[PDB]
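In the block that follows, a single chain appears as structure tokens, in the form deposited without the partner chain.
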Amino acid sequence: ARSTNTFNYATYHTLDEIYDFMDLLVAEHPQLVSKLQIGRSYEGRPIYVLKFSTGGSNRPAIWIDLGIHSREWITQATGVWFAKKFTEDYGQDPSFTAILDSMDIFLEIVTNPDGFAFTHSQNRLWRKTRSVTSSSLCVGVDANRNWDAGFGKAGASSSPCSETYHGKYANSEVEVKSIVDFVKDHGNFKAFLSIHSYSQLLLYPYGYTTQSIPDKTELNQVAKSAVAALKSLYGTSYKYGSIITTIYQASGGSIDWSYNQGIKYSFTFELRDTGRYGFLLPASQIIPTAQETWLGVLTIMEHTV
């Protein structure tokens, strides 16, 4: 509210509160955090990214996006906790301190602002963007099927009314193109993590093809380690593997795109739970979910540094 120290991390927040939170955090830690606007959503809402850095010029970076699918509230709530966590652990935790002393972390808490606002306003289970097409009465695109990676192939729908509609063409959604341009312009990202829910899974490329990535052995071992670390707090069990062998074929996914850009450490997290509550995860599970997930993310970060 008035300070990130009085902000209630154990409850779900609206878009305005999360945006106010960003300004508070930047005001409290000006030498570490800065807020960047990488674009504007379809409905004109600013798209913000928090940059955590201790200095340098274009240092190797880590990308983390959450809430690309709006109804997955546990992701945006985890993102807020993450932001605060970075500021409290720098200079306290030896490992995280070493990471921030050599690398920058870019965090996008609300990747799909329009959808998020909608879930609070009209439909709690809305997942797509809110772009309109004259071609249909239906609204929105599945932003995680809109990337240029096997775009339009099996694992996505060509129907505008579908929950998995991929869009008219790759990167048609400004919420996606804003990330694409930013990452390509930066040119020095080493890891790309996209957070979702639910299912308790840690996945790596690919989803659109059965082809195995040349870094499978390494990513599979990193995934195994991250899962072990995450489980150490509350015993939460995760499964890991490539997207297509673990779930099913899925085209136009973000990490398939990032990996094809040369970002080796591309992973997607599917948080709690396994179905008991699903997308409506109780607010009482926010902090413990965030705490365990942190352990997994840091593990991946340690391997990138």
Second form
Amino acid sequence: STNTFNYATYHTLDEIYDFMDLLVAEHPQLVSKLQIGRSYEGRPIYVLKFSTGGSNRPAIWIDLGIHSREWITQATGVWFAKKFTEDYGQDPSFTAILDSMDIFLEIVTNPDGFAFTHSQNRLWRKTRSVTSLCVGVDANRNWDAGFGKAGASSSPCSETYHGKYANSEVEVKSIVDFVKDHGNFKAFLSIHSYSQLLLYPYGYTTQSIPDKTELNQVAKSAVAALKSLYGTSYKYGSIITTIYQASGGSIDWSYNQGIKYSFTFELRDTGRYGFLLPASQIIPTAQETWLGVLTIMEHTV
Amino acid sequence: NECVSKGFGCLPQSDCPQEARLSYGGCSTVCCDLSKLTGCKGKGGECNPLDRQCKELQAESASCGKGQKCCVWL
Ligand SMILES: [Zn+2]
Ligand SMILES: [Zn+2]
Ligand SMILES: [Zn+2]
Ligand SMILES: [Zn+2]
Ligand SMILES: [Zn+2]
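Swap state to the form deposited with the partner chain bound from the form deposited without the partner chain:
Next comes the full complex, this chain leading.
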């Protein structure tokens, strides 16, 4: 069962996919598995829908693992999935969120990259699309928000290569199609590592978002909640002022679609282990991150 | 696989010096002790021109050579 699942270790793609099926079988009234597309290498791309029913309920999107080497994110995604089924009906705040809203969780946004980090190259970031003798596109430079503009690379061998055209990567197009066709997402949370940051748009431009004051206040509150558990210190701000200019990015696109509560998390740590975060930090990271995510969801509702 | 389960990771032979290679199985490249890696790529960075706005790993920028610095993309 998902009660006996080992949440304190890193898993393979197949193990995560089997976990999805088990979670759905155990909680068929709460969670369902959607295929949003098929990866470059022919793998199903799966999103879990958490819902108590209703019609056109305002939705929260959460993507993890768009950058394959960021293993803490997929691991946190698995923990989140279980947490949603555990706390629904218990935690009054979370129960209220799921009674009024749907959550869509994509644990492994870049499945080809994930498999590749396990079997060939632990530090692989990009998708695995080919054409070139260089491989893959930065799926967080492929979105239709400043696509191809400053903040990405035009070189196919680059780690921030934007790709041939916006949404060229099926891993991105699949989300875009799903979210646009749904038509009522109110939050969009992209989960990355590392650096311990909570970021709002924009990456692609120095222009401040219309909702800067509100999203900045939400970020401050979420960061305080995260810190309360184990004392983990996060900074916050716009992507461009906090890390670097970045174009064709997920939350820049989602915000431009009218999805107001659009944030990118950068999880543990601050550089000691970097992407190679020890498995012993999976649970504490996921726990504290959940407090931050719940704070954002509460403000959305 | 054994490599990952023992706490390590697969890397291309060209990214894992002999001294950091491990005998553990499952990689179609080689199992690597990533704790023994030095330089930009080894720490998850990418060499970029100096004028590229990035989060620099200053300790590894010298490995990138003239006109380049080590950036880590998050
Ligand atoms: Zn598989
Ligand atoms: Zn249950
Ligand atoms: Zn609030
Ligand atoms: Zn394996
Ligand atoms: Zn990332």
